[PDB]
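Structure, as structure tokens:
Shown here: the complex without one of its protein chains, the others still in place.
Just so it is clear, A and B label the chains in written order, and each chain counts residues from 1 on its own.
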Amino acid sequence: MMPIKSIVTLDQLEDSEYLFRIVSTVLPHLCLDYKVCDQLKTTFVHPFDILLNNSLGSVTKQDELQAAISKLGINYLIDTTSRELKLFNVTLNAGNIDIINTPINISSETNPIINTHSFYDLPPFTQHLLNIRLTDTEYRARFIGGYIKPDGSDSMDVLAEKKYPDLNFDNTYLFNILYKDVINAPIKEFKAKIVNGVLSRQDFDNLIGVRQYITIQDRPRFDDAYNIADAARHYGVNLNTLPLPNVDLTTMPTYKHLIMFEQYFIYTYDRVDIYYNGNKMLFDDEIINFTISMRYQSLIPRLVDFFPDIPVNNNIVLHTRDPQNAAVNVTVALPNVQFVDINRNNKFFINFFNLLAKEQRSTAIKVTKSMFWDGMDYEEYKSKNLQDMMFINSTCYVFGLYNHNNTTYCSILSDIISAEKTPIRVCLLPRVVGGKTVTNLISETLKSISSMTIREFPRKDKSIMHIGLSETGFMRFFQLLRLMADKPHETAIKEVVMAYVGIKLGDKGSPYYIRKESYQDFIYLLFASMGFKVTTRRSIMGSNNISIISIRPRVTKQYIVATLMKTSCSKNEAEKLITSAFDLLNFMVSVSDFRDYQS
Amino acid sequence: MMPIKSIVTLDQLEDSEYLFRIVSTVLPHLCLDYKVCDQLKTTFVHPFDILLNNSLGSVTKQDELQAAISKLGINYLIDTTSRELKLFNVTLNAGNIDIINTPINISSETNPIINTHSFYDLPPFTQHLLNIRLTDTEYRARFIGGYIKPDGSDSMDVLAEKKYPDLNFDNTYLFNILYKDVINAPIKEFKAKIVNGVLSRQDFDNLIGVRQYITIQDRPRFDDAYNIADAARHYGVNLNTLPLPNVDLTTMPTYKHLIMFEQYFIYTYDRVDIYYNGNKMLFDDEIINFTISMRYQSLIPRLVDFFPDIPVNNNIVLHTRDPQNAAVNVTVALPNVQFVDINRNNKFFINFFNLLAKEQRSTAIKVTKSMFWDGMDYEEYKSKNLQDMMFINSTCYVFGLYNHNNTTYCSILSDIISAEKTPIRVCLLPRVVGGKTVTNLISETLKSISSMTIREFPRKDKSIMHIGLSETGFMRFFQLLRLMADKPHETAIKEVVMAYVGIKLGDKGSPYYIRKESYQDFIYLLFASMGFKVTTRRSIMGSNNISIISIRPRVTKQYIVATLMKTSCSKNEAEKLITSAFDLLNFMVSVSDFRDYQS
Partner (left out) sequence: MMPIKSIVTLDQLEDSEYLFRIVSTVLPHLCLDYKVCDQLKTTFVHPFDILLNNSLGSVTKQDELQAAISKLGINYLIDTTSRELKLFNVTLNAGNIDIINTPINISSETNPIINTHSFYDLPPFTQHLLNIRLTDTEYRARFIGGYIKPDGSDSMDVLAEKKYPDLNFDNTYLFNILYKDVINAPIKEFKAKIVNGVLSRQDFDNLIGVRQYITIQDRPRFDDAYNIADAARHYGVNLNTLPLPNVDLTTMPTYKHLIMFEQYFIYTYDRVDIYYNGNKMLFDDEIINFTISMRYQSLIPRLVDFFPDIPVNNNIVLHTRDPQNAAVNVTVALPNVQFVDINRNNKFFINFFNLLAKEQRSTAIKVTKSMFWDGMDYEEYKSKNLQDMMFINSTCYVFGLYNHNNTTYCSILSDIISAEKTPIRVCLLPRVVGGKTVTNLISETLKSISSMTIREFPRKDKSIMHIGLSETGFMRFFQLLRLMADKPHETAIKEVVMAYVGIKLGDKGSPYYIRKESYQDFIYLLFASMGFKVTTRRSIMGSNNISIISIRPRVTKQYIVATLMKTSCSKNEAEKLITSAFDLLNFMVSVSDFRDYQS
């Protein structure tokens, strides 16, 4: 009468050993002809977690992951320079990320449905995003999640009060920001790389080029913030032989360095005077409007696909100061040249003009339908077989999308329903158990059992020290058993045998051998987990002592095969399960009459 | 063998669909002659949540809500200007509220009982207040909660180390602070309103009048902080034609504007010189003492009801500077005029003198006993029928009040008890489920069933596509069913039928019709939830295919009425429940022999 059985408690519902119970509660209700969606096999793990803990690359597809990395870096830059909306709750550094403990901000614009669920089993970043998604506007969650529209009409029409533009491009910006060996620069938008302890040559060249646009008053701040003199010496660069600066817009060969100065550096640093035809530029807004319009002329016709209500013209007026400091009205117009007025939203737009330039230079990012962002049409969700629906309602967090106040919100689907509103679309977020997805653990187990070769139960024999598992595998199986309960033997065996298989399908190590001294502990635990009673008795043989482990009912072929047939979708599937478990069954049956002789 | 049944998991205990289970677990144990307390029908939702999310006005009474709004605005002002105690953990803005992620502060003065419960099912604001209430002094919770004493002796004698005065007054201060169309002023105590994008005329007039007491050194700060020149132009006010300032205390027609300057504006702005009889006031404390004593003379006798140990006299000495800058000792005394010394606690008291002036001008706020703040005498709690007690111990969070270290603390009653201390009073906090209170959902269901008209079960017929519910109602009932378990049919039917009624009592829409293609899914779910087995079989009729949904036991009159009589308080109540459910029973019985013919 040992305390193997328990009391429902909160810690016992949170430890990851209890998430494996999902795999073991859902898998038994699926038939081998059950199909798992290809788009659900892997899940969403926010990339902020993946790039810090890359062991989780095991739960995402690598193409999808790189796509997400690209897009988040882009969105991060957009939100970082944006002021009208503040959608990210994360500050990125140098091998590390800070989840900001922002005040809980409740407003006039939040989701009317109260979010009660914590998302406790997901990485820190995924818990954070889901708690945002279920509190605020769906638009916000998609943006933060690093969401790329699928190439098609089967998607959500997202509503909001304020929007950021729909840019979709393949880059490695997030990776570069988080690369551990970076400088934690005053600028949050970009982190220059470090090589051999100093500014990398590739980023150094850009910093020294950028330096042509900063003022002698602040150069020391720049140089000390980045340690440019020392990196220059380290890589053989003479920082004092830089070519004369190009600060005049009518001859300036390259505009790109002034643009970067203005987007990133000017936030903490002041700027060098810029001239137009020898005449000092008077307005900051206009050096920006002119510089980006001339550099990105070919992209002006593309602004309207994201910013349809942005003024565009063929006549830009710059204001400058001549040598006598007179104000000068300068009108610039060229055949076929458009100019754009930014409406003083300077950092936000500089970033976009330059992002589109990269869109034009590098390739498009292409993705499949994201089950966790765009999801399914609600009619498709509703039209869905109950077996298929109930799988997703357990293995995935299930969320709707609905309209209210000309805005769309995401929330746990059951809460949209209790709040009496009708969903438009349904999204799924598969869970992660021990570094593997719940859907992949279930899918692989179904695939490997159905693809398996059949035979007979292992026979009873002598000296069986292995349970076909490794020291690691043993311990995984055995500790999971503690979560057992008294219920039909029939249910417990199917769950135990499937767990046994699920472990072998991932455990590729050598068998670990069991010791006579604890042989009986292993027996007690595995048999008890299947509903068999195990007791200990002692017998005297001459002067010898026999420790008898008595199991009732005993485990032999007729017990496992009869019970699996009773609870299987078909008798043939019961045969496929016992063969996949053959390596594990051998111990289960051969120790069923175990006796430990002390001599 | 689909995964309809589940595993206790944490998310399944948090989603709001699981709170409806309280309604469905408690309601079945109450008799129709059970009474629900009028003071429990509605609950406490902290007003900070109600005014941001007004859909929750559905769970409070409107008179109580306005009373709470008035008092919180008052308490907010008191705590905002207070320095001796910091009781609020919330910063209020412009259509939004920030719950401050303050450090968890544990001291020498906290509740000795460890608070283990999170309050996960309540709005952000209510979770926050309850977590404060269970950590710190009860006094603190009452203050933050916006608590007005009931007019009577049946109340708590609250103990603390430090106290704020007992002011009870009807105003709309909290509403005004949170009104979305306000200016996020440098001052946290008050937010001026915005009309047509500029300072409202009503608040503008006060700001321009206030401006007479600010210094030319800081006027630009004031004008820019509020955009007074532009609001003035917008509404036709000439900001530069303001009457000469009244800065001398012996002739100053109105004291009110200097008082506001000093209470609110002076925090971020400096002040203009103030004189007494032509002689510059030397001490800030004295311009305050004199100004408020003369303006609020009629309220001095009322200070002692809140501040019994505050010096009051008939001789005030002011210190001033004459034209030669000599210090002057000025004694002021008038027949029947009292003066009060503030003890340098200037912002705190200015607020009180002016709050009492409003108390004198506008009406008193009157409330009934607050079940969630003052609660019941512990003897009344103990004396309470077990049926009544067990209702509140499920539907409400239940808290005691007890003495320790000459302080009173609130905590979950069971923790006061496990900590071995004796409660003085017991407070109740009814839960919110889907925007409705748990107590109202239970009370309304009992009232409408007991007030209902009786009849017979609906008869079996043809083409029944409705389940007497709406698309929304369907989905609510059907998804709740997933939480079903194997238990006597007798229990499951009573719970299902009552849930059916509880939904119809709120669902006022048209019936939604069911489609032959999913007809069987609806059948599987509703019958399974009542403990009936549902299986699918196919029959061949000539060349046609019949999909047979077979239910065992079948649902017809004798099954539901026999089971409800077995578990009802009386056979007559079983009849009242089936009639209230007639519209829902029709589908349940008529599809009991459902066959889907494919032709």
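In this section, a residue touches a chain if its C-beta (ideal position, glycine included) is under 8 Å from a C-beta of that chain, and two chains touch if they have at least 3 such contacts.
Across B:157, B:420 or B:486, the single residue that touches the chain missing here is B:420.
Annotation: of A:124, A:165, A:186 or A:245, A:124 touches the absent chain (contact as defined above).
Considering the full assembly, B:391 is the residue among B:391, B:457, B:524 or B:527 that touches the omitted chain.
Remark: the omitted chain is touched by one listed residue; of B:2, B:13, B:328 or B:505 this is B:13.
Taking the complete complex into account, A:6 is the one of A:6, A:268 or A:451 that touches the chain left out. Residue A:180 is the one among A:180, A:233, A:344 or A:538 that touches the chain not shown. Contact between subunit A and the unshown chain involves residues 1-4, 6-11, 13-17, 19-20, 48-49, 52-53, 55, 91, 95-101, 120-125, 128, 180, 432-435, 471-472, 475-476, 479, 482, 507, 517-518, 521, 524-525.
Mapped onto subunit B, the footprint of the missing chain covers residues 8, 10, 13-14, 18, 21-22, 25-26, 29-30, 101-110, 112-114, 116-121, 382-383, 386-387, 390-391, 393-394, 397, 412-415, 417-422, 567, 569.
As a working rule, only the chains that are shown with their structure count from here on.
One finds 36 Å separating the Cα centroids of subunit A and subunit B.
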